[PDB]
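Here's a solo chain for you in structure tokens, the form deposited without the named molecule.
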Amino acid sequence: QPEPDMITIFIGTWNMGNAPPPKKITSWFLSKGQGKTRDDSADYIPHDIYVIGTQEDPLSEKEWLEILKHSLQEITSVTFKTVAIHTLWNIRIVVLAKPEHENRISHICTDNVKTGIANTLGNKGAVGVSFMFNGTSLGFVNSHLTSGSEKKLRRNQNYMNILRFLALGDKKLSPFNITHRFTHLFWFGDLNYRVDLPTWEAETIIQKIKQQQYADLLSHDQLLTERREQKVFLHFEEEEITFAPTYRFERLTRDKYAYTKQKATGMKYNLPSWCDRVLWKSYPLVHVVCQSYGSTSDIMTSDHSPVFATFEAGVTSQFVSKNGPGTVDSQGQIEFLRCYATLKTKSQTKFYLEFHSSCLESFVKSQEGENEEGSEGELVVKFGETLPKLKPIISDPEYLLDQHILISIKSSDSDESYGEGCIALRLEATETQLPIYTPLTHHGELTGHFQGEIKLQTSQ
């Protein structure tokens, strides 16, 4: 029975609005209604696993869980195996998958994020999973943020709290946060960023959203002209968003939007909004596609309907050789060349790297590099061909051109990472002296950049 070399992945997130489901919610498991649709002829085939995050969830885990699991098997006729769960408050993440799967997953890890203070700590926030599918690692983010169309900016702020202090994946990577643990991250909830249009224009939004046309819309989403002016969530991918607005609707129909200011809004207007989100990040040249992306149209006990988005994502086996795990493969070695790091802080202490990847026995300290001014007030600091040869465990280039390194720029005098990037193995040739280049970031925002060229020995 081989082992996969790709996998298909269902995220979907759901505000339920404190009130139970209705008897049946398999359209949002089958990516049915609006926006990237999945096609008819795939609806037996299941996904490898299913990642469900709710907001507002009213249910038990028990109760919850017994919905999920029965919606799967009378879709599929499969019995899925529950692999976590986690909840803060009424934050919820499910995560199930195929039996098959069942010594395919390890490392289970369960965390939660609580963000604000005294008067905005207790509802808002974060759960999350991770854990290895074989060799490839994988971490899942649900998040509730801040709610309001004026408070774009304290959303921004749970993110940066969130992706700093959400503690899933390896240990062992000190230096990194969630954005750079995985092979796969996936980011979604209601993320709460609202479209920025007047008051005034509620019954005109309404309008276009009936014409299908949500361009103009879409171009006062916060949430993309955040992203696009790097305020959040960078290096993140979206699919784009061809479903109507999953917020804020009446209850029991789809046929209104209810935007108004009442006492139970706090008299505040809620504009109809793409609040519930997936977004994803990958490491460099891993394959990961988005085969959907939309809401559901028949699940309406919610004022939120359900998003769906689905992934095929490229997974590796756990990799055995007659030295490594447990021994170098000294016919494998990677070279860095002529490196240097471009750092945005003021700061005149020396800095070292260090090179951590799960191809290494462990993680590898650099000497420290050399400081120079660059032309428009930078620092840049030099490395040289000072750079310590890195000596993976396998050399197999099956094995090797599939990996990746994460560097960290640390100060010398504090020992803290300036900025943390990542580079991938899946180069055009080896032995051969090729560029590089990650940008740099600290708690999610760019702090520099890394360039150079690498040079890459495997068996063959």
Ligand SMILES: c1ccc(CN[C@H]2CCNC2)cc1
The other form holds:
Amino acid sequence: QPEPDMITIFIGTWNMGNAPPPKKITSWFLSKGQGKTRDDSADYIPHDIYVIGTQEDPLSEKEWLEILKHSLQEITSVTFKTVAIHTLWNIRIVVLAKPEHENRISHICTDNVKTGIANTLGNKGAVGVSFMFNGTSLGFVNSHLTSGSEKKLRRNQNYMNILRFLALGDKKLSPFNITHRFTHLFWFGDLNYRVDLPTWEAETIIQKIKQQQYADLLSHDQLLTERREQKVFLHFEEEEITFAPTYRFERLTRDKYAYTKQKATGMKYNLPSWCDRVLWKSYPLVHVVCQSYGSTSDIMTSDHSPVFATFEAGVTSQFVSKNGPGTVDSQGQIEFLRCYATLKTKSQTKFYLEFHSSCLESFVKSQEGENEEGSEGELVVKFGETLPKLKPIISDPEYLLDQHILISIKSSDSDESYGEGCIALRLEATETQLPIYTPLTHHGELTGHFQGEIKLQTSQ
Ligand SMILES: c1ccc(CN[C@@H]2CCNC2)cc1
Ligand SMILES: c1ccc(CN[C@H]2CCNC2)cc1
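Next up, the form deposited with the named molecule bound in place of the form deposited without the named molecule?
First the chain shown before, then all remaining chains and molecules of the complex.
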């Protein structure tokens, strides 16, 4: 049986509004309704992995697993295996996979983060799952962020606390947060960002939704505007939105948005908004293609509509050679030339690099760089040709060109990372000096850049 080089992944997010679901929810898993929908000719074709995030979920794990598995069996005639399930309060993630993938999936990891302090600790946060699919690491985060149109900054803070504190993926990647630990990271949920228009415009917004004039409303979506200002979700991608706002509906119809302030809303307006979102971040030069992104029209138990997204995701095989794993392959090497980091820090310490990759037997520390002042105030840390030569475990270019090197720049004084990035080895040429580049982040915020040249030797 050949190992796959692509899988398809279903992501769902649904804030259930503390109500049980209706008897049929298959339109969700079939990507049918509004937006970018899946072709009818694919309806019997199972996705490889289904990741279901709920918020305000009233069901037990058992109750929801029975609904999910029976739903997928009806659609596909496949009995899916449960990879993982994790619940924090009423926030839940379920991962299901086709039975043929059971012996491809390993290193399963679950975690949660509770957001807020005192008043604001008690029901928001995130759950996540990670695992390996053969040679590819996959991460999934379902977050329910702070509600309310005037709390976008709180949502951004919630996001930072989640990516700092969620402990998924390889713990040996100690300098790296979840935004660097996975070949593919999917982050979805009731992110709760709103269409920021005046309350008086509520009926105008509804008009525009009825006319399917979404681009105009999207120019005021707080998640797009905060992302464009680099306040949140830096270096993530979202498909274009072509479906109506998924919140806030009257229950048992989709004909009516319930936006007016009520005691039950804390006297807050809920103008129609795209609360419910799917974003992703994949390592450079890996295949990832969004093939659906939309909302259902026929599931009406909640004041939110479910959202679906589906993806093609490149995956790699487990690789065994006569040499690595268990030793190095002397026919392989990775050389960094003429490298320098540009940092935004005002601190004066020396810095060194750490190189992490599953193509190395263990992480590699460089010598300290040479600090200089940039012509616009910046710290520049020069490594020249001083960086260690990296010795991969496997030299076969069918393996090595698919790998990635994570880089941390660390203070000699504290050994704390000031910035993290990622370099793909999917080069235009081997045995050739080629430019490389990554932005550097810390806690998901831009802290600098790393650039230089690489020279990759493979066995070919
Ligand atoms: C929100 C809106 C627009 C953007 C910029 N576009 C991407 C830059 C790299 N590729 C496209 C980021 C966030
Ligand atoms: C669903 C998918 C994967 C798994 C774990 N499989 C690993 C242990 C045995 N071989 C690999 C359990 C449930």
